[PDB]
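Below you'll find only one chain, the form solved without the ligand, shown as C-alpha cells.
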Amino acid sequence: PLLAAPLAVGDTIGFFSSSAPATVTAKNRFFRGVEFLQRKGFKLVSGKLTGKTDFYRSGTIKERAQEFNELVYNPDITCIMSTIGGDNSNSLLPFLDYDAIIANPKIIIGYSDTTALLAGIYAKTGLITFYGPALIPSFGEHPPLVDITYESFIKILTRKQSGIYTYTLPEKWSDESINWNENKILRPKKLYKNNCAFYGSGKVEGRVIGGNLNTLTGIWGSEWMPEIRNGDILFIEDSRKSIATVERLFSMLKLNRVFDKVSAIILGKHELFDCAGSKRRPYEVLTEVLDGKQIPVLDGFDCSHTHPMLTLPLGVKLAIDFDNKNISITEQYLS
C-alpha cells in the first residue's frame, strides 16, 4: 500500500469542510478545537471554505473539491483533517486530484460522512487513510474525554512502526448529545463503563475495510467503493439511527454477499441508537440478518461518534484476539 509520512509534534495540519459548514454553525466548538491543537504545538492551515456557508454545505461541489485539492498541493502540510461530516462528501469524488495525492501522500483523517473520501481515495490510490478525529466534534469536545481521543491520535500517528500495536481500551465513554457549542458545559456527561463485547473465539487477522455504513451507500457500486475481499475484516459504525435503518443497512450488506467474504466484523459503538422501544441492540439485529452465518464480532469498538474516539488506519491488517479481548494493528501504515 501507499503510505504517508508519519506525524510529529510541531507539524502543520490543514483542515477542510467537505460537507456541513460547522466552522460557522459550531464556531465556539471550532475555536476550542483549534486552540486545543495549537496548544499541543501544531501549526494549522485553514481550508479556503472556512467561515463560509452555502446553507446546508460549505460551498458548491467544485468549491469543496478545490478546497481539499489545495491542501494536497501544500508541501508544508503533513496531515489533512476534516472539520466535520454531514452528508455531501461523496459529491467531491470525481473532482479530487488523485495524481497529486499519489505524488504527495499525506495523512488524511476524519470520520462519518468523510468516509466517502477516505474510502474513495483508498480505492483510487491505495493510500492508507485514517478513521479518526475531525477537528470540531473530536477536538472541540470538553475534557475529560478529549484527552483520551488525543492520546490515541498522537500515539497511532507518531509511534515507531515496529511490532504490532495493541489498542488501549477507554475506561469510560459517553454518547450524550449535550455540551456541543458553548464556552462551558451544561453539566458533565454520563460516563459509562466500557461494555465492548468480543463474540467469538481465537484470533482473526485480515485487512480492515469500511467506515460509516450509512455513508458507504453514497459510493456503493462505484469505482470509489473499495472491493471487499475474502478474509477482510469489516469495520462499520453509524450514528443516531433507528433500528429500522440499521436493519436496512445490515441487509444491504447481506444482499451484497459481504457476509460470505469477511472473517470478522467490528461494530463501532452506535451513538444514541434508537431501538424503537424494542430494547434490542444492533448486534441482535445483525444476528437475525446473518441467518446462521457464524462470523465473530467485536461489538463496541471505540472508533465512532461516541467519545472518546480512537484512530484507526483503514486498508491494513488488524488482528482481533477474541480470547484475550484485544485488537491490534499488524501491518505498517505509515512510512
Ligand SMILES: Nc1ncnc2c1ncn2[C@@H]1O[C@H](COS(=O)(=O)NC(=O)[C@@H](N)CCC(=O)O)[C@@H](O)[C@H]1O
Contents of the next structure:
2 protein chains.
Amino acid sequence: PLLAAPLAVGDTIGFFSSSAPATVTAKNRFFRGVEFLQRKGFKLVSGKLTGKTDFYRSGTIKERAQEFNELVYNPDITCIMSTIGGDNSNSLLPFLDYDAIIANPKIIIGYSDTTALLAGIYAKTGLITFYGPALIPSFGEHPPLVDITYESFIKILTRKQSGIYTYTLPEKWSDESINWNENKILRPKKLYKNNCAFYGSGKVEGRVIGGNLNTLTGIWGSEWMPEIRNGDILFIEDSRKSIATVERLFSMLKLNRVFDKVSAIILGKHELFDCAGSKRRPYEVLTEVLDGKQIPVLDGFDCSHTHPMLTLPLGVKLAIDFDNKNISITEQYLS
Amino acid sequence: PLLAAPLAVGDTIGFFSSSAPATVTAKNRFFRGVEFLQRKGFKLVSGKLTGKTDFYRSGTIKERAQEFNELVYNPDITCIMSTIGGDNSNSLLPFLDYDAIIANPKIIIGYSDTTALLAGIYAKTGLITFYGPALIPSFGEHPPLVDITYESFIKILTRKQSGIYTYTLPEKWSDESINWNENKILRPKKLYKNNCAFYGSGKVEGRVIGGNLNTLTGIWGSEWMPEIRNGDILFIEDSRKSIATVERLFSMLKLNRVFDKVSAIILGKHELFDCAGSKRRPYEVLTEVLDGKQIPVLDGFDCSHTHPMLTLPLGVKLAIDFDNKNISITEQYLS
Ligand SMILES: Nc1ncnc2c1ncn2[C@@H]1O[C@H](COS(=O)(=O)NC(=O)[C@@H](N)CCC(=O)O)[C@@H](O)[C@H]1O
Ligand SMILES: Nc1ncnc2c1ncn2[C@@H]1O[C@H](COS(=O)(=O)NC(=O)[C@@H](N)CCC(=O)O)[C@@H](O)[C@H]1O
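Target state, the form deposited with the ligand bound; input state, the form solved without the ligand:
Let's see the whole complex now, leading with the same chain.
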C-alpha cells in the first residue's frame, strides 16, 4: 500500500470542512480544539472554508473539493484532519486531485461522514488513511476524555514502525450528548466501565476495511467503494441510530455477500443507540441477520463517535485475539 | 416481462406488514383503510402479522418473509398490498419465495420502504410491480384526497391493455402532517395547487426504474438491486429528509454513473422537505450534483408520500412529453 510520512511533534496539521460548517456552528468547541493541539506544539493551517456557511454545509461541492485539494498541495502539511463530519463528503469524490494525493502522500484522518473520503481515497490511490480524531468533536472534548483520545492519536501516528502494535483499552468511556459548545461543562459526563466484548475464539488476522456504515451507503456500488475481499476484517460503526436503521444497514451488508467474505467484524461503540424499548443491542440484531453464519465479533471497539476515541489505520492487517481479548496492528501503516 | 392478471372489483386483496407494525400503532387509520376498500367491494385477507408488535417491527425477519410468502401461496389473492413501510423490508429479501412469485404472478403494490421488495422481486423474477397505495397511509387517508388516490389505483389496475395510458394530474395536493390516526377531524388538510414542472424539451421514452431513493441504499450493490441500463427513466422519491440527506443520495447516484445512463429523471413530490433555511428545492440540489449534465426532469410527480398518490408500474416503458407536459405508460404492464 501507499504510505504517508509519520507524524512528529511540531508538525503542521491542515484542517478542512467537507460537510457541516462547524467552525461556525460549534465555534467555541472549535477554538478549544485548536488551542488543545497548539499547546501540544502543532502548527495549524486553516482550510479556506473555515468560518464560512452555506446553510447545512461549508460551501458548494466544488468549493469543498478545492479546500481539501489545497491542503494536499501544501508541502508543509504532514496531516490533513477533518474539522467535523455531516452528510455530504461523498459529493467531493469526483473532484479530488488523486494524482496529487499519490505524489504527495499525507496522513488523512477523520471519521463519521468523512468515511466517504477515507474509503474513496484508499479505493483510488491505495493510501492508508486513518479512522480517528476530527478537530472539533474529538479535540474540542473537555477533559478527562480528550487526553485519552490524544494519547492514542500521538502513539499511533508517531511510534516507530517496528513489531506489532497492541491497543490499550480505555478504562472509561461516554456517549452523552452534553458539554458540546460552551466554555464550561454543564456537569461531568457519565463514565461507563468498558464493556467491550470478544465473541469468538482464537486469532483472526486480516486487512481491515470499513468505517461509518451509514456513510458507506453514499459510495456503495461505485469505484470509490473499496472492494471487500475474502479474509477481510470488517470495521463498522454508527451513531445515534434507531434499531430499525441498524437492522437495515446490517441486512444491506448481508445482501451484498459481505458476511460470506469477512473473517471477523469489529463493531465500534454505538453512540446513543435507540433500541426502541426492545433493550436489544446491535450485536443481537447482527446475530439475527447473520442467520447462523458464524463470524467472530469484537463488539464495542473504542473507535467511533464515543469518547475517548482511538486512531485506526484502514486498509492494513489487524490481528484480533479473541482468547486474550486484544487487538493489534500487524502491518506497517506509515513510512 | 412477467405480468400479473389485472385487478377486478370484487377481487381479494391480501395485506402484509414487512416493517413497521402500524396495524397496531395506527389502528384507527388501518380500520379506515380496511373499511374504505371493503366498501368498494373488495375482500380483504389479513397477513398473519396483523395486530402483532415486535417493538419497531411487526416480527422477526423470517416471520415477515413467511407472512408475505403465505399471501403469494393463496390462490384467491390477486393483489398483495403493503400495510405501511418503515425501514426493514430489505431484511426479507433472502427469504422471499421468488419461484412461487414466478409460478403465480400477482399485483404487488406499496411504496416507501416497500421499495426494497418491489425492486428485489423485479430483479429476481422480472415481475412488473407497482409503486402505489399502501393500505394504512394511502387508503386510511380522509376524503377528498383518498378518492383521487383510489381513482388512479382502480384505473391503472383494471383498464384494458390497449393503447398508451396518459396520467391525469391531480388538481390539488397536500403533505400536511395532520389527521393521521385521530378518530375524527377538526379541519381538512391545507391544499396546494399542483406545482409539477417539466424541465426539458421533446419526448423521452424508456423503462422506468427506482422508487424510494433512501430505501434503495439498503439493497444497493446486491443481486436484488435491478441493474439500471442505458435509456432508463429514473423514478425517485423521498420523504421528510433534510437537504443534506438529499445531496448525499443524489451524489451516491452520480458516483454510481447513474446519470450517464438515464434518459430522464422523475422526482416524486418530497413530503415536508427540510431545506435547512436555504429555500432550495431538491431540483436545485440535483442540478448542482449533475454538474452540467442535460437530463430532462419531471419535478413533482404525484407518486410519493404526498396526497393524493398515483399508481405507477415499475419496469415498463413510460413516455414523458416535456413539450406537452404529460406522462404516459406505453408498455403492457398487466396480462
Ligand atoms: N449540538 C450537539 N450537541 C451534542 N453533540 C453534538 C452536537 N452536534 C454534533 N455533535 C456530536 O458531534 C459528533 C460528530 O458529528 S458528525 O461528524 O457531524 N457526525 C456525522 O458525520 C455522522 N452523524 C454522520 C453519519 C450518520 O450518523 O448518518 C457526533 O457524535 C455528535 O454527537
Ligand atoms: N405519527 C404520524 N403522524 C403523521 N404522519 C405519519 C405518522 N406516522 C407515519 N406517518 C406518515 O405515514 C407515511 C408512510 O410511512 S412509511 O411508509 O412508514 N414511510 C417509510 O417507510 C419511509 N419514510 C421510509 C424511507 C425513508 O424515508 O427513509 C409517511 O408519509 C408519514 O408522514
